[PDB]
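Working from the sequences, and respecting the hints, build out all of it.
Spelled out from the first residue to the last, the chains are:
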Amino acid sequence: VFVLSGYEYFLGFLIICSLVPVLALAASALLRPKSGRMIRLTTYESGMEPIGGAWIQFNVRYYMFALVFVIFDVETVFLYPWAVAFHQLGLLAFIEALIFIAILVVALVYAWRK
Amino acid sequence: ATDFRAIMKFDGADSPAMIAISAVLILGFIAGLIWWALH
Amino acid sequence: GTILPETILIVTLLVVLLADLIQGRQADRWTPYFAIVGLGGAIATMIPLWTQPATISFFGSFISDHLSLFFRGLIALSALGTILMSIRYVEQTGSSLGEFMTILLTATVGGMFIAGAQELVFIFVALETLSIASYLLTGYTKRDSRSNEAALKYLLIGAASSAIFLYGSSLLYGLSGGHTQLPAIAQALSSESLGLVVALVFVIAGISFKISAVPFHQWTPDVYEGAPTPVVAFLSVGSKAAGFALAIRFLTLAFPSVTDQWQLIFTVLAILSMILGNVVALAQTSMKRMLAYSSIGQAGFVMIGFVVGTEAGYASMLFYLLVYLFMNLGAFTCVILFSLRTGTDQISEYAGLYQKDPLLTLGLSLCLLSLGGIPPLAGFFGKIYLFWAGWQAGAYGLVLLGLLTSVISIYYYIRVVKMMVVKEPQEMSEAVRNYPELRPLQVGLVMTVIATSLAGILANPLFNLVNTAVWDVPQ
Amino acid sequence: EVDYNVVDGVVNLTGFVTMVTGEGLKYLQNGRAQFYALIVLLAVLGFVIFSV
Amino acid sequence: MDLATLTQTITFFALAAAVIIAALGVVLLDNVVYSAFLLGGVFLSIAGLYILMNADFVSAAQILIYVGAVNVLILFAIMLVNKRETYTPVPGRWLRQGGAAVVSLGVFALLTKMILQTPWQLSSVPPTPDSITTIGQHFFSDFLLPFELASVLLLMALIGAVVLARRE
Amino acid sequence: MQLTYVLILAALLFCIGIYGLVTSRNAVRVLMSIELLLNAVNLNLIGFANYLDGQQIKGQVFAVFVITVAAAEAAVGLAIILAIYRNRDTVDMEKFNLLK
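Residue numbers (the authors' numbering), protein chains in the order written: chain C, 13 to 126; chain Q, 2 to 40; chain B, 13 to 449, 457 to 494; chain F, 603 to 654; chain G, 1 to 168; chain E, 1 to 100.
To be clear, the hints were calculated from the coordinates, so they are not data collected in a lab. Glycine included, C-beta positions come from ideal geometry on N, C-alpha and C. Each hint should be verified, as a subset may be incorrect.
As the list claims (entries may be wrong) - Calculated cross-link-like contacts (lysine-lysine; reagent style DSS-like; alpha-carbon spacing at most 27 Å):
1. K430(B) / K368(B)
2. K300(B) / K95(E)
3. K430(B) / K300(B)
4. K435(B) / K368(B)
5. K95(E) / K113(G)
6. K368(B) / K300(B)
7. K300(B) / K435(B)
8. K430(B) / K95(E)
What the hints assert, rightly or not - What follows is a set of in silico ranges between Cβ atoms, one per label pair, in the way DEER data are often shown:
9. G65(C) / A101(G): 36 to 44 Å
10. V72(C) / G25(G): 23 to 31 Å
11. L42(C) / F37(G): 47 to 55 Å
12. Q404(B) / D30(G): 16 to 24 Å
13. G98(G) / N71(C): 38 to 46 Å
14. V72(C) / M1(G): 51 to 59 Å
15. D156(B) / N607(F): 45 to 53 Å
16. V429(B) / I68(C): 33 to 41 Å
17. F25(C) / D156(B): 52 to 60 Å
Stated by the list, open to error - Cβ-to-Cβ under 7 Å is the rule here; a few derived chain F residues that face chain Q:
18. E603
19. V604
20. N607
If you want it as structure tokens, here you go:
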């Protein structure tokens, strides 16, 4: 049983699109110089050589945004069928969903004030 | 024990062996009498 | 439809938002008050819908019979006491207050939902609200390594146990066709089977993590040491009450009231819990660790409470749990009030306190003694009513064993009184030499100690309560 | 001496036994989440073996 | 005995092999970055398995949340805590594994013994395609409390993580 | 394509997740296994929904709530792990043994 009708192109196209990179890239090794491996493998630090140690001094400046993104991105999945069923539902489900959205906005304001 | 130091100065009474063969007699005495009593 | 059973919950929910908004605008407000006000208003809203109307269901996803009223009011009182404790305890540490009470009220709303639920999805979501809030509050003071370690370990363990519960719930949806309800689930499958037993056991694993039963206990000791203390005070009482309400309302009603092997499993867990907590707390030096293993043993007493379902074992659980609320909150108020002033340390530093602060001594002594089953005191009546019920049905080994483990637990409950009373001024510790000698805490301690010292003889008014509550569960 | 040793020691031994039991059972609690991961789900699955 | 049911079968077994291999890669590989990317692969393969089972919304949501957001969060948190993975072995490093293995294996067999013993109710009716309007109806007819309450769940989780990872 | 092997595949993910849950050395590598367990349960639910209860899908909604809560809980877990990395400066989970 398969009622989705609209697939059997997704599969083959996932195949052909997973096959364009591997094939345009395999049509490069057949015609290209080989490796040149001594000093062309070094790492680009603007002409000079890297200093050493090579750490990053990690920060939450990019973690916290992923955190709040996970929150507000889980949230949207609760809204697509709401919008799509808003024809059938009508009232008392808009009143009941603006609660969801208002508590979301409270979370947004919390993250905003910090 | 070491607290019982008076005219009660019997030496061979605190050893574990003598305590054992004293408790044997006392327990066997009460046991012979409880068997005598039931029957 | 029928939001009237829901009012209490959403009422508390309202103030959650409020206690963030005033905390987002002012950053220093009087939020400790009127949270008490809304919790009192909730417990007041419980009376009009206690017995005046009949039991009703929201949509079938939520039922509000007297049992749910009991557990909801209980968890609300636990949150109230924990707030009254934690106001000037969390302020002593360099941390906020608004997010704290927000999370505490959120856990409270979750546990007040889960006591009246009969549907799988909603059970899981409420359980996860309470669990995640606990995961946070365990690590809210991240300046210490042990707090964060406990929060990590508690989070990971609880996530795994919840996933097991969730697998079992998936199976129970699977079996009997669709049915995500609970009265309809134990309605289309009504016979012993392998998969039903697997689902049973996984749900037992999910619940025992909440009610601290052994071998599902290893989180309680480490977490109760590491975590903030008033967090633990809410955690034990509220998480247990939610767990036991879940146990009844799942195993009895939604799950099955046929495959009654779970009684045997709870006998095993209660036996092990009594034998473990009361024995291993006897070898400790910290209070919070001792209280953890105590809580395990008290859970074992409760578990023999409701393993004998005859309309009195369940009632005995309910009463003893109401009573353990007061008792344990009083003990935690006393250890808070000691750890604030100068001490901030373990059992051996309580010595010689009867000269400095006699009020705290009265409080903690009465609470600890009630936990061990001492006469006139409420815990004694709770334990003897447990024994009455569990003996009436025919469990003979459990009664003797629980009695014996209470006789064992009195030892480590009396060590603290040996310290606080017997130890003379020639044996004070360094902490008590320089002891000096807040308001909401004192009034809470009084309101708690008078209860645990008077709510044992004044018992008929709240045995009628519980026996009115427990007409509803099948048996 | 039979009273102070053969009678008293036998019952004080009860306290000794239920003390050393507590001293030696806490090692079950070892401070390892993986040991709980073992004796949580292997703590059960014995409860299924004598069930069905 | 058909071409349309054959593609479903071949795709299903391919996706299942990918899932198993990538999960074993998550769990066995010493390096953890490879494990994170293979975890993303597991998520994609499971989202492709759901489509065979007439669930498209939840499939797109798994591709949108887990691999999209959570996996990125893990790929941040992992370089937050990389220090050349200098771990010295313990003597019982094998022992624990063995225990886990047999325990885990038993569970599988036990679960398998259920899955092949119980008479499932196959319910021969064609499923419904509109698996998104129906979920909208269920969020406001049956499962409304979880909607309204997961709201405050997400609020509380934000409030928690924001004040547990904050640098101070 | 049958319900039986779907259930078996989910149980195999469950087994593997337990193996990674007990075998783990790191602390971020445990949430990965937990997420695998949650995926397995979702898979069981979707199978039940397709075969057993189709005309009103009811397990798909429950899987939506599952992926929701799992995302939130993973968020909170990584937040805790970021904090323990501040103090102990590692994630070797066998160094978090504060009991003997």
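Outcome of the hint check:
Restraint check for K430(B) and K368(B): satisfied, since their Cα atoms lie roughly 16 Å apart, inside the 27 Å limit. With a CA separation close to 23 Å, the supplied pair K300(B) and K95(E) stays within the 27 Å bound. The hinted pair formed by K430(B) and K300(B) meets the criterion: a straight-line CA distance of about 18 Å does not exceed 27 Å. Taking the CA atoms of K435(B) and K368(B), the gap is near 13 Å; set against the 27 Å cutoff, the hint holds.
Restraint check: the Cα-Cα separation between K95(E) and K113(G) comes to about 38 Å, which exceeds 27 Å; the hinted pair is violated. Straight-line distance between C-alpha atoms of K368(B) and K300(B) comes to about 23 Å, which keeps the hinted pair within the 27 Å bound. Among the hinted pairs, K300(B) with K435(B) is consistent with the structure: their alpha-carbon atoms are about 21 Å apart, no more than 27 Å. Of the supplied pair hints, the one linking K430(B) and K95(E) is violated, its CA atoms being roughly 37 Å apart against a limit of 27 Å.
At roughly 40 Å, the beta carbons of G65(C) and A101(G) sit within the given window of 36 to 44 Å. In this structure the supplied range 23 to 31 Å holds for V72(C) paired with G25(G), their Cβ-Cβ distance being about 29 Å. About 28 Å separates the C-beta atoms of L42(C) and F37(G), a value inconsistent with the hinted range of 47 to 55 Å. Between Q404(B) and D30(G) the CB atoms are about 60 Å apart, so this pair departs from the stated range of 16 to 24 Å.
The beta-carbon spacing between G98(G) and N71(C), approximately 41 Å, falls within the hinted interval of 38 to 46 Å. Between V72(C) and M1(G) the Cβ separation comes to about 58 Å, which falls inside the hinted range of 51 to 59 Å. Between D156(B) and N607(F) the C-beta distance comes to about 50 Å, which sits within the given range of 45 to 53 Å. Taken as a hint, the range 33 to 41 Å is violated for the pair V429(B) and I68(C), whose Cβ atoms sit roughly 57 Å apart.
The beta-carbon spacing between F25(C) and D156(B), approximately 54 Å, falls within the hinted interval of 52 to 60 Å. Interface restraint check: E603(F) against chain Q, minimum CB-CB distance 5 Å, threshold 7 Å, status holds. Annotation: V604(F) was flagged as interfacial toward chain Q, and the flag holds, the nearest CB pair being 5 Å apart, inside 7 Å. Here the hint on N607(F) is kept, as its CB sits about 5 Å from the closest CB of chain Q, short of 7 Å.
In summary, the numbered hints that this structure violates are 5, 8, 11, 12, 16.
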